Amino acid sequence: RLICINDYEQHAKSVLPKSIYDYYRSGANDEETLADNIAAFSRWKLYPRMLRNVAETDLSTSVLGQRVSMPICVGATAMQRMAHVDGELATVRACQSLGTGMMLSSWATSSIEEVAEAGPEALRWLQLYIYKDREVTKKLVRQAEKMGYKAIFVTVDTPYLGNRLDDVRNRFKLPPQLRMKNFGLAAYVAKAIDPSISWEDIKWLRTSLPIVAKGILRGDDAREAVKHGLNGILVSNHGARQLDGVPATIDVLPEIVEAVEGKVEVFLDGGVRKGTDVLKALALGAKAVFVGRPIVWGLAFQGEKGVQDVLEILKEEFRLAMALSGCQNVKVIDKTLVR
């Protein structure tokens, strides 16, 4: 049945309620960046090397000094219990099985402690939104710290929610038996999230956990994050759900890698569906990629097992792409592989 990520999305459309599928699928406004996140990867062509000996392809790498089994990690996607009853518990168990990391949404349908309990041995990080209530915000960080999360991904591209048209048409809401368990979405954001935050707030947040700035699209902003003692950059346009008409993340990734001059790790999300997508981002300088929507589609198919399958498909696609490209490990993936 389901042999590639696209298949999982098709299945999901077939089993999910419309307002839920649309919430997860949608981009902002006319969805130009949504389409481009995908299309851009196709414009970067691969130049494989032959005869390199690829008999035992090692996908292992590290993320902020924590080993992972592959440079493909789960990105924050809110409210996963809308997709499968088990939601984030399923996701973290799948990550534990695979040996990769999970970035937990601040707006998760399961709490920080809950997810830690379901995936003790999993590498886990907290995506943080800066709430107008800074005591709320601080408590989220302190609970992450206590419950063994290894980094904070602070989202910096959402002072307001992007305008996702289908959510407006559908009057998007949580299903009744569900809540954001650590405590319509546009209005939520307007009420709860602080549109005033600045670089001064980044200074405030600089916990001893590593901090990654999530949502950077400009080299000058990347340099500023370095200057503020952050420990990484997640090149992200928020799944094309915030400002429409920004470039594809794979197209802005070279500027940002350049700008940071190797001082922090650079990650990418947005449009990763295939193992060659992973290869291209590593070639251009990313240490690892995050996948958002594919994980929700995995949940929609079969909860933990579905997410494990989506990650295993990506792992195998990436292995094959590495092998056919002449790469026996992630350290040998270089910029001559792409043009």
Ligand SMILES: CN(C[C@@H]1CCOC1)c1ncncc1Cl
Contents of the next structure:
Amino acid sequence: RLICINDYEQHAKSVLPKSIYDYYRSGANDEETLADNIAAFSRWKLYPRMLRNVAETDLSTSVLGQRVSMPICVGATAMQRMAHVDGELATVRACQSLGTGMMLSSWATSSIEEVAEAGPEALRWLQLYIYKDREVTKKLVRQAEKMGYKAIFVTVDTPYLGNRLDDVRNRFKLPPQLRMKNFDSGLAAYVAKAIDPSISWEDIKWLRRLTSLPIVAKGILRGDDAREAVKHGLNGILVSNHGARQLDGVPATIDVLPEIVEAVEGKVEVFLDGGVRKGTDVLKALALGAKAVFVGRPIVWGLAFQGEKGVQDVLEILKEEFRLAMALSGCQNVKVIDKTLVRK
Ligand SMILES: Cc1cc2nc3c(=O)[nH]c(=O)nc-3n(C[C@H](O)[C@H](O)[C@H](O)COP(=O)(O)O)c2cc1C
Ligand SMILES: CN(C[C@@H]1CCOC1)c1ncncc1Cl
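The form deposited without the ligand done, now the form deposited with the ligand bound:
Below, the chain from earlier opens the complete complex, with every other chain and molecule after it.
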């Protein structure tokens, strides 16, 4: 049956209710950036070196000083219990098995404590939204700290929710038995009531003062903004267009990655998400300077197939495709993945 990430999506479309599949699949508006996040990877060509001795491939690396088994981590995707009854608990258990890290949504269908209890040994980070209620926001940060999460990924590209046309058509809502457990389109309305469209760099200053955990700015697409994040004492940039779900017609993340890596001058780690489906996508991102990549939708498709086992399968497929791509390119380890491997 399922031997690559595309097969898991096709499986998920066959088993999920349409409204849930569309919620997960959709991009904003005409979905131009959604297509481009994938197409852009294909424009970057690989220039492999031969005869480098690749018997001993080492995929291991580090994210914000913490060791991981591979530069492939789980990104925040809301409401995972819609895909499988065990939701985020299935995901964290898979991450612990694989030795990689999980970024937990602020809009998870499982709580910060529940997830730390299901994956105590797993590397775990919290994705944070700035709620208009700063007390709620602070409590999330404090819970993350108490529960052994290792970083905060603050999402900065969502002052309002993007317009995903299928969600509006299907009047998207959570199924009845589920809740966001830490507290038109139903989600757009929620965001407008709950999430602060006023946030500015002053609020980044507040958050930097609030916690000593590493903080990564998630959703940066300009070099100037990346340089402002470095100025504010943040510890990494996640180059992201929010899975093409926010402003449509922004570039692919793999296309803006080199500008952001250049802009930060090595002062903080730069990560990428958006369109990662294959081991060669991971290799291209690392050649262009990313430390690691995050995967969103592929994880949800793994849950839809088989909960924890299906998440483990998806991560193992990406791991083995990445191993093979490194080997065929002449790369023994991630430290030797260099800029001459790629050209557009
Ligand atoms: C169904 C879905 C739910 C998402 N939920 C969140 C969220 O709660 N918080 C967040 O910051 N980003 C959210 N994202 C954005 C993801 O963190 C990530 O940027 C994106 O999925 C990466 O692209 P990919 O799906 O092509 O791998 C979501 C993405 C999807 C597809
Ligand atoms: C044994 N494998 C997996 C290959 C993938 C195709 O057939 C076997 C590897 N082991 C060490 N370094 C790299 C690789 Cl790709």
